[PDB]
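Undergrad: Residue strings, one per chain:
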Amino acid sequence: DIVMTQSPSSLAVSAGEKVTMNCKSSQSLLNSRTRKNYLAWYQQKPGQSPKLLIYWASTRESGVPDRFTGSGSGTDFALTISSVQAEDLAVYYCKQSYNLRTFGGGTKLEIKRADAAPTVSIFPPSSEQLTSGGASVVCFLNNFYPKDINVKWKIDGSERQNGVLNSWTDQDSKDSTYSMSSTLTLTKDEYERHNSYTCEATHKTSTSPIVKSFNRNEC
Amino acid sequence: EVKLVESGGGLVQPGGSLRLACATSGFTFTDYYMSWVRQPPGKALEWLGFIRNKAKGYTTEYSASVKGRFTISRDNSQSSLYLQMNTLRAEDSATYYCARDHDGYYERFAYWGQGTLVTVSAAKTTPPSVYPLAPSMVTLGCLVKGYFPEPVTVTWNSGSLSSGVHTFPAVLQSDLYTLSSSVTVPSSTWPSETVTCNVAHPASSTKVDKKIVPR
Ligand SMILES: [Br-]
Ligand SMILES: [Br-]
Ligand SMILES: [Br-]
Ligand SMILES: [Br-]
Ligand SMILES: [Br-]
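Chain order of the listed sequences is L and H. With PDB author numbering applied, the first sequence corresponds to residues 1 to 27, 27A to 27F, 28 to 94, 96 to 214, in that order. With PDB author numbering applied, the second sequence corresponds to residues 1 to 52, 52A to 52C, 53 to 82, 82A to 82C, 83 to 100, 100A to 100C, 101 to 126, 134 to 213, in that order.
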């Protein structure tokens, strides 16, 4: 039961960079009858199934861009991308098929790009939700870079920490940005006791936050 | 075209069992080994086992992780692969993929299905409540709250709109998931053109459409 490793665990690369990632087997994967190494590379884009890139260590599957090259022999293998493109964000897995099958643990490739500030939009609780007693205030932060960002909620000018949950999309395959939602959830009765609700995003792009706000009583 | 389509996943109680199916087409099924592979949310692929081709007598092999507890079989008249998964526990929660394996010549998994999500939990099935999030570009959204299990499928306009959509990963709390989805369109088009959130939650047999009204 052959054991596979990969390194680095992640890499962050700009479009046009040359990158190499490594795979190691516990046993030689060289089949002496065929003189091929039974090691394959798979690309798994976010939310998608794995896709075959390379088999027999170095044979490119039909359709695969020629920027992908597999190399190595025996117990050491590599996948090299000559010039990374935005669409190449993925987790890359090696897999032996010399005796049974085993995947490595993956190398996550992320894309570095220029810093971009978010576009912010705020939404009051819907009237359907309010009718049944809950109040979720939603903030979207769109198309920004890098991923980490500070989002702060204020209610009548006072910071609110409790009840906030934040979720990020996978990196975009065209523009290499992230988006994220921030949802503040209160009871109707609490929501109705205040007026101004504000979402403030502070991004390494500026000391001045990007802000959106509404006043419940103007609804 | 080669096609592999998994089914039979979903929610299962601890200690239960499931039979996954993989319906294949577009190749001579009997010529191929067929594998099952799983992936816990956010973690690495794990090969589970295979069933060999006709040349090798359709014999099976399994990873140590599931050997003795899972059983792979195939129906060569119906070109279908199965995984009987017994005695389920928390570590069995994952996306399960079928893959077309070895033919006797090439050593590759050339085709994979879309995957079926298996959730091992005693928490109860609950349909979402879907709420509209109303406003050069304009951003609209829907909030998909308080459902269990995953997945939901969210589209924009029965799928009329994609380039500008962000459907956020759900978050679980007190046995329920919530997510949201945003979509951005030209204001030259809104509101002339209706924008509509489509939310499917097959576990609960919920399919809802929520029109976004200005407001
Ligand atoms: Br084997
Ligand atoms: Br594995
Ligand atoms: Br400032
Ligand atoms: Br093949
Ligand atoms: Br869509």
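Calculated from the structure, these hints are not laboratory results. Some hints could be false.
Claimed, not checked - Have a look at the derived ranges for each label pair, beta carbon to beta carbon:
id: 1; chain 1: H; residue 1: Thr30; chain 2: L; residue 2: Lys199; range: 39 to 47 Å
id: 2; chain 1: H; residue 1: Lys3; chain 2: L; residue 2: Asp1; range: 30 to 38 Å
id: 3; chain 1: L; residue 1: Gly57; chain 2: H; residue 2: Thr82B; range: 36 to 44 Å
id: 4; chain 1: H; residue 1: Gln105; chain 2: L; residue 2: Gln156; range: 36 to 44 Å
id: 5; chain 1: H; residue 1: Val5; chain 2: L; residue 2: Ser27E; range: 23 to 31 Å
id: 6; chain 1: H; residue 1: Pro189; chain 2: L; residue 2: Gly100; range: 46 to 54 Å
id: 7; chain 1: H; residue 1: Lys43; chain 2: L; residue 2: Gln79; range: 24 to 32 Å
id: 8; chain 1: L; residue 1: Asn145; chain 2: H; residue 2: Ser25; range: 44 to 52 Å
We treat Cβ as the ideally placed atom computed from N, Cα and C, and that holds for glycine.
Undergrad: Next step is simple, just say for each hint if it's right about the structure.
TA: Evaluation of the provided hints:
no.	hint	in the structure
1	H/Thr30 <-> L/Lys199: 39 to 47 Å	violated (58 Å)
2	H/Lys3 <-> L/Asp1: 30 to 38 Å	holds (31 Å)
3	L/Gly57 <-> H/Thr82B: 36 to 44 Å	holds (41 Å)
4	H/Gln105 <-> L/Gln156: 36 to 44 Å	holds (39 Å)
5	H/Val5 <-> L/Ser27E: 23 to 31 Å	violated (38 Å)
6	H/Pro189 <-> L/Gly100: 46 to 54 Å	holds (48 Å)
7	H/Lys43 <-> L/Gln79: 24 to 32 Å	holds (26 Å)
8	L/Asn145 <-> H/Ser25: 44 to 52 Å	holds (50 Å)
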